[PDB]
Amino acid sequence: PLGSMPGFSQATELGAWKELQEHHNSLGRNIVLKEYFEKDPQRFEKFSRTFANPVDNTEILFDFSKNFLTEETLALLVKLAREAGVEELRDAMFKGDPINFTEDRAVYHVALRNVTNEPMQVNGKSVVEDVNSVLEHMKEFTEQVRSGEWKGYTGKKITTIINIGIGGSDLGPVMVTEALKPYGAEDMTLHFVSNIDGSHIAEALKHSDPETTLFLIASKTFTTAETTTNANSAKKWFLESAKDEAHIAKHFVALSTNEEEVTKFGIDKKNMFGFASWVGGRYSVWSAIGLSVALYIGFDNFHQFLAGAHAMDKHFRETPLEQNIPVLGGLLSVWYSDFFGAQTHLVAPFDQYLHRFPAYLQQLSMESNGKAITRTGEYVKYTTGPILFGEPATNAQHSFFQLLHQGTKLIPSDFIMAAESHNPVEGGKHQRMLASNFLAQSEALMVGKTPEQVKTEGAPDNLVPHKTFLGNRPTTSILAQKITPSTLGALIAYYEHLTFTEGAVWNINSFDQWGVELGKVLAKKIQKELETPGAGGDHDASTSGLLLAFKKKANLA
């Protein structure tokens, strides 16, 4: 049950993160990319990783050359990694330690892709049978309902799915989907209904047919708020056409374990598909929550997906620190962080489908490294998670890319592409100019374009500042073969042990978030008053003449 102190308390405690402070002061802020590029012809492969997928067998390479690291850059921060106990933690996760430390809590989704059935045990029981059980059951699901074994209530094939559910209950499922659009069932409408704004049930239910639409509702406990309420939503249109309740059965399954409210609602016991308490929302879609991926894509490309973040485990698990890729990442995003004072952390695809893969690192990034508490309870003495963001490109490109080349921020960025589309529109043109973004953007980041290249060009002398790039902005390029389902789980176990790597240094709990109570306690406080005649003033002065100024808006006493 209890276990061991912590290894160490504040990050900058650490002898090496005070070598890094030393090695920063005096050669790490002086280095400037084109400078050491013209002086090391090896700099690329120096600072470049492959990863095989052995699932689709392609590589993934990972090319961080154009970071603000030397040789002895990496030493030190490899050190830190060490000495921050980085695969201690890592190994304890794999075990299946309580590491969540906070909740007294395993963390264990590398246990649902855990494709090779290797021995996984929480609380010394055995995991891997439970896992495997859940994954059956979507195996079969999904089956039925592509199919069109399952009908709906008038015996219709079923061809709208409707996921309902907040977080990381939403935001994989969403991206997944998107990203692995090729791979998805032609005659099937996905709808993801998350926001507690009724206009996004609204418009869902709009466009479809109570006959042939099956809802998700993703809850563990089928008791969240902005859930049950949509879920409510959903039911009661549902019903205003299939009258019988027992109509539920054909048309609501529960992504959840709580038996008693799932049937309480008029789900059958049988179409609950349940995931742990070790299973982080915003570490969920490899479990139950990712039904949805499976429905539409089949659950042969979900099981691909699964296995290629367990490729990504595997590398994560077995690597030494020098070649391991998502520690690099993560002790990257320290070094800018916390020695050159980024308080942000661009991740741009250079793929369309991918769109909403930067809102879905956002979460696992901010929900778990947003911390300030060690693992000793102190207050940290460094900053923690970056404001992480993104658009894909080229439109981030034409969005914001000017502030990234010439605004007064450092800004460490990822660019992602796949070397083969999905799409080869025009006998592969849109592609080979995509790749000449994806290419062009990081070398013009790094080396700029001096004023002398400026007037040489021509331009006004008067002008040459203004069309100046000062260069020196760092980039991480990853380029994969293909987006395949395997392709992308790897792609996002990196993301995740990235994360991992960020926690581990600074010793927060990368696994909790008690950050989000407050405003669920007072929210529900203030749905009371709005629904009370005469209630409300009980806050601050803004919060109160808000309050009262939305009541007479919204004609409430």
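What we label the rigid core is the largest C-alpha set whose atoms superpose within 1.5 Å from one form to the other. Residue numbers count along the first chain shown, from 1. What changes on going to the form deposited in another entry:
Of the residues 394, 344, 271, 257, just one CA atom moves 2 angstroms or more between these two forms under rigid-core superposition; it belongs to 257.
What would the structure be for the form deposited in another entry, given that what you showed me was the form deposited in one PDB entry?
Shown next is a single chain and nothing more.
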């Protein structure tokens, strides 16, 4: 049924927002971090938080103390969270209420990792047994493929997995298999095919054998333009060798919401791994979409990944806002975005395996919060989601940290590192050097280097400005024990709940994506024009000019 009117319309109408604007005008805008640290030796104790991971029995330290925060600032941000009903929206999410108000849908990625089987329901029906049934199917199938009990059409062990999917059906599987590579099967090659660009499927198939390749067709809808075309091209390549369509049942499985479209494709109903409409693509790695992860690292490691997210769900659900870790991360994002004018958010993992973690967060953050319409249907009077970007450190330091230290933008930055490496090369020397950069970069961004310090080191007087570091550049530092499956699960859930918190304060829908439809509709029209002699003139002069140049260069009538 229908529910209540929203608690508020515009974030800018909330009393706490107006107090934050007054706080910014008189105090927040004059925060100099190095002065706050000089005057407060308990600053780190005040603004750090420790999360217990009970799956691997470790702790993750979240240090927020190098942010533009005072006790007064934190009090006002938590007050804004209470006035915006962050806890109410959170509790509605966990109850399975349809908080996705533009699609009338629950938002229930939290049910996918409900490893304690707490009661969970959508539309008065429990979802727990169905979540568990798909997981038991994923368990059985992954054991058979990894053991070699599941065989190819000529009776060989599967050694190549090709995931075919785009956006939420690709970025999670890529990022998590890259991140957890140390746990991966030694004899298994993974390919992630996503782009419609034929270079992607071509390179994957070029070095694969139909006899030893299993395909995962990953599509919530099973009607995505890119994925259906890639799947079709994969099926033609397979049949070129296997000849017999009956063989498809040993080489193709489907990860989808849409049984009818899967069966249409020629996938055996028994080889379908389902997920519900209340699983958003950018929140889907926890579902059947994680099958490539469970194949690579095994079902038990996949389940520990779910369990680490579950521990962060419990922290988010039960912790008072003053100590709540994702909530503070989300309020800091609002503080920087809407009061300091920051258009970006850097995430730099000090970890090469996490090299696809920023790209994953870019979809989670930007597709969720790149929105301008409130629950009340008004255009926001304030900026919403930032441009999220990053690369792993120390690579990032040698690419664009120049601009972070000496450029003209405020760039709120999250640095993430594990204390222990899976590859402790040369007696730990590589890892102590990585750690020294993790510690030093946040230090350097906070303290800078004064003209007086530069002159003391012997710089030419007229080069002092060039070598000065203003400092006062904020950072959040996250120190884990080791990137295990459960630790990675908890880190993603942190960013999911930070993203939730931002959207709740902004009063937008974190869970829809209406903004992708126009490009899809216009691309289909243009594709028909490219296939049609003499067509393509019904556009603006630029689109028409580009379409004509493309037809001339590609030899199309």
